[PDB]
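Q: In case you want the letters, here they are:
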Amino acid sequence: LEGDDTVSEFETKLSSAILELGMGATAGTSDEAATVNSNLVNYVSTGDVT
Amino acid sequence: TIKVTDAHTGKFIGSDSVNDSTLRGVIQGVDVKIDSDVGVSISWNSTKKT
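Chains U and H, in that order, give the protein sequences. Okay, so the first sequence: first residue is -15 according to this note's numbering, each after it adds one. Okay, so the second sequence: first residue is 13 according to this note's numbering, each after it adds one.
These aren't lab readings, by the way, just hints derived from the structure by calculation. Quick reminder that beta carbons are idealized off the backbone N, C-alpha and C, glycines included. Incorrect hints may have been included.
To be verified - Simulated pairs of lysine-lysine, BS3-like, Cα-Cα distance not exceeding 27 Å:
no., chain 1, residue 1, chain 2, residue 2
1, H, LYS45, H, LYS23
2, U, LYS(-3), H, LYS15
3, H, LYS23, U, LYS(-3)
4, H, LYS45, U, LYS(-3)
5, H, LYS15, H, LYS45
Said to hold, decoys possible - Here are a few chain H residues that sit away from chain U, every Cβ distance over 10 Å (derived from the structure):
no., residue
6, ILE14
7, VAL16
8, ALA19
9, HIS20
10, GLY22
11, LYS23
12, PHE24
13, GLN40
14, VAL44
15, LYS45
16, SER48
17, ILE54
18, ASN57
19, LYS60
Claimed, not checked - Just the calculated beta-carbon pair ranges, DEER-fashion:
no., chain 1, residue 1, chain 2, residue 2, range
20, U, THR(-10), H, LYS15, 15 to 23 Å
21, H, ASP49, U, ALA11, 43 to 51 Å
22, H, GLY26, U, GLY6, 15 to 23 Å
23, H, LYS23, U, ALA11, 16 to 24 Å
24, H, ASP47, U, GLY12, 41 to 49 Å
25, H, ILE25, U, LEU(-2), 16 to 24 Å
26, U, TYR27, H, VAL30, 20 to 28 Å
Isolated chain U, as found in the complex:
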């Protein structure tokens, strides 16, 4: 980590690192894998509160 990154860059780096270890979604030849890998690590901003 460096002193000029963005929070979204932090999320992308963490997602790549987690997917590197092998904990990611199965390659089922389907978009399910893409969506699941998209929704691993997330950040909640002001407009997306549930």
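Chain U is fixed; fit chain H onto it per the hints.
A: Frame of chain U, contents of chain H only:
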């Protein structure tokens, strides 16, 4: 912004955006350092003295 590719086949390896001019962690076991005097052109403005 740094992009690295192989010199014989051309397969993509990595791309990075750094601010301390230190490409590290994309080539394992090696840290690469590039001086900040690459790709800079300098001009003088006498109208605004800058």
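Q: Decide, hint by hint, whether the structure agrees.
A: Checked hints:
In summary, the hint linking H:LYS45 to H:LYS23 is supported, as the alpha carbons are separated by about 22 Å, within the 27 Å threshold. In summary, the hint linking U:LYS(-3) to H:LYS15 is supported, as the alpha carbons are separated by about 17 Å, within the 27 Å threshold. A distance of roughly 22 Å separates the Cα atoms of H:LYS23 and U:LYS(-3); the hinted pair therefore holds under the 27 Å criterion. Among the hinted pairs, H:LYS45 with U:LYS(-3) is consistent with the structure: their alpha-carbon atoms are about 21 Å apart, no more than 27 Å.
For the suggested pair H:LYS15 and H:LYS45, the alpha carbons sit about 14 Å apart, so the restraint of at most 27 Å is met. For H:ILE14, the requirement that its beta carbon stay farther than 10 Å from each beta carbon of chain U is met, with the minimum near 14 Å. The claim that H:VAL16 is not at the interface with chain U holds, since no C-beta of that chain comes within 10 Å of its own (minimum 16 Å). Its beta-carbon lying about 25 Å from the closest one in chain U, H:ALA19 satisfies the requirement of being farther than 10 Å from that chain.
Annotated as non-interface, H:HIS20 keeps its C-beta farther than 10 Å from every C-beta of chain U; the closest such distance is 26 Å. Distance check on H:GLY22: its Cβ is at least 23 Å (rounded) from any Cβ of chain U, clearing the 10 Å threshold; non-interface status holds. Here H:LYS23 stays apart from chain U, with its beta-carbon at least about 18 Å from theirs, past the 10 Å limit. No beta-carbon of chain U is positioned within 10 Å of the beta-carbon of H:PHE24; the least distance is around 15 Å.
At roughly 12 Å from the closest C-beta of chain U, the C-beta of H:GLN40 stays outside 10 Å, upholding its exclusion from the interface. Listed as outside the interface, H:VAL44 is consistent with that label: its C-beta sits roughly 15 Å from the nearest C-beta of chain U, beyond the 10 Å cut-off. For H:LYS45, the requirement that its beta carbon stay farther than 10 Å from each beta carbon of chain U is met, with the minimum near 14 Å. Every C-beta of chain U lies more than 10 Å from that of H:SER48, the closest at about 15 Å, which supports listing it as non-interface.
Distance check on H:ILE54: its Cβ is at least 23 Å (rounded) from any Cβ of chain U, clearing the 10 Å threshold; non-interface status holds. With 10 Å as the threshold on Cβ separation, the claim that H:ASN57 sits away from chain U holds: the shortest Cβ distance comes to roughly 27 Å. No Cβ of chain U approaches the Cβ of H:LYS60 within 10 Å, the least distance being about 28 Å, so the stated non-interface status holds. Between U:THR(-10) and H:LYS15 the CB atoms are about 20 Å apart, so this pair conforms to the stated range of 15 to 23 Å.
For the hinted restraint 43 to 51 Å between H:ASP49 and U:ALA11, the CB-CB distance of approximately 45 Å keeps it satisfied. For the pair H:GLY26 and U:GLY6, the beta carbons lie near 20 Å from each other, so the given range of 15 to 23 Å is met. At roughly 20 Å, the beta-carbon separation of H:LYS23 and U:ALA11 lies within the given 16 to 24 Å, and the hint holds. Taking the beta carbon of each, H:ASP47 and U:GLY12 are about 47 Å apart, inside 41 to 49 Å as hinted.
As the Cβ distance of H:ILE25 to U:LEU(-2) is approximately 21 Å, the hint placing it in 16 to 24 Å holds. Take U:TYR27 and H:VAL30: their Cβ atoms lie about 23 Å apart, and the range 20 to 28 Å holds.
The earlier numbered hints are all upheld by this structure, with none contradicted.
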